[PDB]
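To begin, one chain is listed below as structure tokens, in the form deposited in one PDB entry.
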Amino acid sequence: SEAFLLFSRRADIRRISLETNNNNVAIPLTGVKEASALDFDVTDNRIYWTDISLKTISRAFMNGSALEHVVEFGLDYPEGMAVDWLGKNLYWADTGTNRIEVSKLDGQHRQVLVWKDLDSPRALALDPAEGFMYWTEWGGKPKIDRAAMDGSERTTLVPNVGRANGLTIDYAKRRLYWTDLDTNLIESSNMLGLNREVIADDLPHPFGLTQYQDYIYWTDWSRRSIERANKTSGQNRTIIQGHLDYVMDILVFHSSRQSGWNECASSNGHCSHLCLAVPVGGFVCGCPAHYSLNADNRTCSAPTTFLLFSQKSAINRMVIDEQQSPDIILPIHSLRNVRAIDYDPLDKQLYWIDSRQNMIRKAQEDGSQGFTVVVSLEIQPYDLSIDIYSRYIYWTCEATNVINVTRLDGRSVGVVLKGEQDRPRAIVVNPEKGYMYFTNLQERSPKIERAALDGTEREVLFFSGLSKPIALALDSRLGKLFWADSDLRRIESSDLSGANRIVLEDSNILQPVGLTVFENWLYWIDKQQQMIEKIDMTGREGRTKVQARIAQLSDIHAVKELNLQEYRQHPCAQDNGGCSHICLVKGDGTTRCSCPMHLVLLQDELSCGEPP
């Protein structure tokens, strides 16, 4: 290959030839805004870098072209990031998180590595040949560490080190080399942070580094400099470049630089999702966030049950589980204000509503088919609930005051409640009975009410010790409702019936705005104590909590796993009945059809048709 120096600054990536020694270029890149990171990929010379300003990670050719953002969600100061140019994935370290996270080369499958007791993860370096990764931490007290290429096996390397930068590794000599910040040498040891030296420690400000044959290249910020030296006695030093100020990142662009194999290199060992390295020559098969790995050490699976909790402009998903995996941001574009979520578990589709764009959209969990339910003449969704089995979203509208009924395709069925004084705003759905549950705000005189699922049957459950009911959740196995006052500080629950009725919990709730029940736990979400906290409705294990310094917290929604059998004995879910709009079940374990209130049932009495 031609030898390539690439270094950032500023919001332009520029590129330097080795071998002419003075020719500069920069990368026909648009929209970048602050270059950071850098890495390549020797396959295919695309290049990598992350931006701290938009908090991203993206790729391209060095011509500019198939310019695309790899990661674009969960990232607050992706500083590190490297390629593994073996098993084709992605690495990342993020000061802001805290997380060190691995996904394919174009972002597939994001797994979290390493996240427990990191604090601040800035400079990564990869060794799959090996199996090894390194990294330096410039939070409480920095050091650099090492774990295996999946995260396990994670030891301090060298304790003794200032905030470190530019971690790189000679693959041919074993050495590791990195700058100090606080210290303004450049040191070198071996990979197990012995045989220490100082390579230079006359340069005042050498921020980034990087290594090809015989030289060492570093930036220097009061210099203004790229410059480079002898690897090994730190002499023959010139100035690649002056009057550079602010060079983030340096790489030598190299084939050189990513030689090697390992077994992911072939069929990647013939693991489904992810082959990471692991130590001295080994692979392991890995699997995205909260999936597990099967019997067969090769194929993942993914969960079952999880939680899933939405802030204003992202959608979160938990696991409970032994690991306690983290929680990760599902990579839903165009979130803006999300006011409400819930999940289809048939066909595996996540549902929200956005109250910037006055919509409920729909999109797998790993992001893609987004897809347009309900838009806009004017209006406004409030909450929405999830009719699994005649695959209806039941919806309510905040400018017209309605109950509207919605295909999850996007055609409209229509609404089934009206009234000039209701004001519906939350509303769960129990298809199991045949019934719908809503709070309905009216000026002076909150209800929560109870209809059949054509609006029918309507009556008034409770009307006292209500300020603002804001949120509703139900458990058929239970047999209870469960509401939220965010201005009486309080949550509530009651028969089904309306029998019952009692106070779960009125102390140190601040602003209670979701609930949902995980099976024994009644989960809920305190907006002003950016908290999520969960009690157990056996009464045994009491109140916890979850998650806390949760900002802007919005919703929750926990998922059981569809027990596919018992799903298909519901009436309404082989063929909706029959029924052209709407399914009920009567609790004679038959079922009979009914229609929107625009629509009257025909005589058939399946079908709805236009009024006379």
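Rigid core here is just the name for the largest C-alpha set that superposes within 1.5 Å across the two forms. Residue numbers count along the first chain shown, from 1. Compared with the form deposited in another entry:
- Note: rigid core superposed between these two forms; among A200, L293, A147, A452, the CA shift is 2 Å or more only at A452.
- Once the cores line up, the CA of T590 ends up 2 angstroms or more apart between these two forms.
- After superposition on the rigid core, the Cα of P28 moves by less than 2 Å between these two forms.
- Relative to the superposed rigid core, the position of the CA of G260 differs between these two forms by less than 2 Å.
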The other form holds:
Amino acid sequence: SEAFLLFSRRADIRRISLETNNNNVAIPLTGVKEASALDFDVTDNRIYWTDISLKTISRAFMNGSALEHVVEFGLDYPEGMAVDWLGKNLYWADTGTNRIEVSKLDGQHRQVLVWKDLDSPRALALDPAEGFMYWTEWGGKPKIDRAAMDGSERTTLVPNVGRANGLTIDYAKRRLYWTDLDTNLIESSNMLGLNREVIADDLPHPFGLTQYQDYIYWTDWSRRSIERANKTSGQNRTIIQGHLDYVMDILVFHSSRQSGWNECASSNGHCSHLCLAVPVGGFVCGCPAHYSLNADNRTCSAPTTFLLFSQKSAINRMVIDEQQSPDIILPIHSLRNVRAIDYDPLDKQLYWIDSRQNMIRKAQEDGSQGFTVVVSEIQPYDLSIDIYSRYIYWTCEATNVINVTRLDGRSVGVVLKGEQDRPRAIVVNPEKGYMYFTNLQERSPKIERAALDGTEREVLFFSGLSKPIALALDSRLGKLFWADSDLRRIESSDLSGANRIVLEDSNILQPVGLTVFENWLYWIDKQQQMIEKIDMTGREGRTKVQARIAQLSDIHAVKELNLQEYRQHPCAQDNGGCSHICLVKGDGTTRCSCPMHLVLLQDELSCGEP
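Other form of same protein, the form deposited in another entry, not the form deposited in one PDB entry:
A lone chain is what you will see next.
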């Protein structure tokens, strides 16, 4: 339980003993590029640090063992971070994403706590024994803010201040400390931001700050030092170490800095996912981002109705609620060029085409159970899942076919081949037994319909098209939707091809995807880097959903599957007995068909070779 001073500099985290004169050592870390923000857990002597250049948060024991990345995705500049040693939680702030997030100390159950009207949150301090967290905001109007450790009742504590750093709590004396990088002061106040006092005014460049016993410790970037002085008088100064340029953070490794108790410490509040300290009532139960807290206030429920949108190297999820929950990146590894996404509502699994690997991959939203459904002259261009028959209908840019594969990877076969066919975008309609696709023949783009076995093929549209690259449909309204990236517009029509109408053609730069959510049609504008939606009832206006999203690739809405309605489909029960293709006719009855390389047997159910 010796007192240690830890500081971050360059790619190292180094250690200074505060009790023995003879002690300077580097923590044996591997693979760190820029060690910024430091904290620790008194429970297990683990140290935590963020990396501005790696855009990660990591942890390890002080002897360098059990190096672990706990946060990897969705970080831009994680300059603030703090361990909740009572609730066993990890808080951090990102000045790039303008977010303050929480997760378990192993990174599980990541949730966003502050995301609105937040400009450059940088320095974070936690008081779990009281239920408050404090942070500094940079930006146009810098301030020191306060909130509960669940993000609620956010308030501005100290409005007149420059860019403050090294926000530190003196738990014994109930005082806040910080450096001001604009006034070049070290200041102190009470927990309410009152009784403000300048502790040191003669420092040329104070940056980092911490407190131990009757001393405060700071770093000066002009003096290249870690220095220490009386926390009350500012005197009794001593230089802990010099010739240390650009120390990012200092931290006191001692149990006195992590003491006290709250309800989360004794029982985790019995919460399933997150126990968050709050001032009044002690604690509330939290949930991972987009999850719902149940009626018991103890257990969480994952969203069943959400919006997925993908970039070149990311697949994101957002919900449509009224607290305007933020969009999150799904922690999915090895994404290189995502060009199309889909979702299976039955097994709750995410599907996408990566055209760098020329594969159809599938995973869960946590990135687990990664599976390759289609692999190597294979060039998947678009995909659409038949959720009842458990097939993927996907287009192949190399062989110019429409191929069908089951979700587990077993090949059904090709249902469309053609000399001059260029099948690119595709949406299935298993409810009516048809599929819709674009034919990007040079000098004659087309939107076509066919049955899910290739028969009954007809051209619905062959004019007023330049590059129809995205398709959507809705079986209840009987409507088909598409976006033309060259004509820069979105159209719709009946599934029969009647009532073709232009939905939107103004202020669209390059629409490359679209999807339908109830009465709302969403699309992504790659060049304009935004998501937009229009109310198809005409009631509400065209709304900008999110902007500044680069490399947009696809967008896909997911509605909670109604299992009673699902099992009412005849092809959901043993494919209707069909070996390969189960089809729905106008009679609502089931018929079986085959891929192009098989023929239907006299069993009226099974496919065989010619």
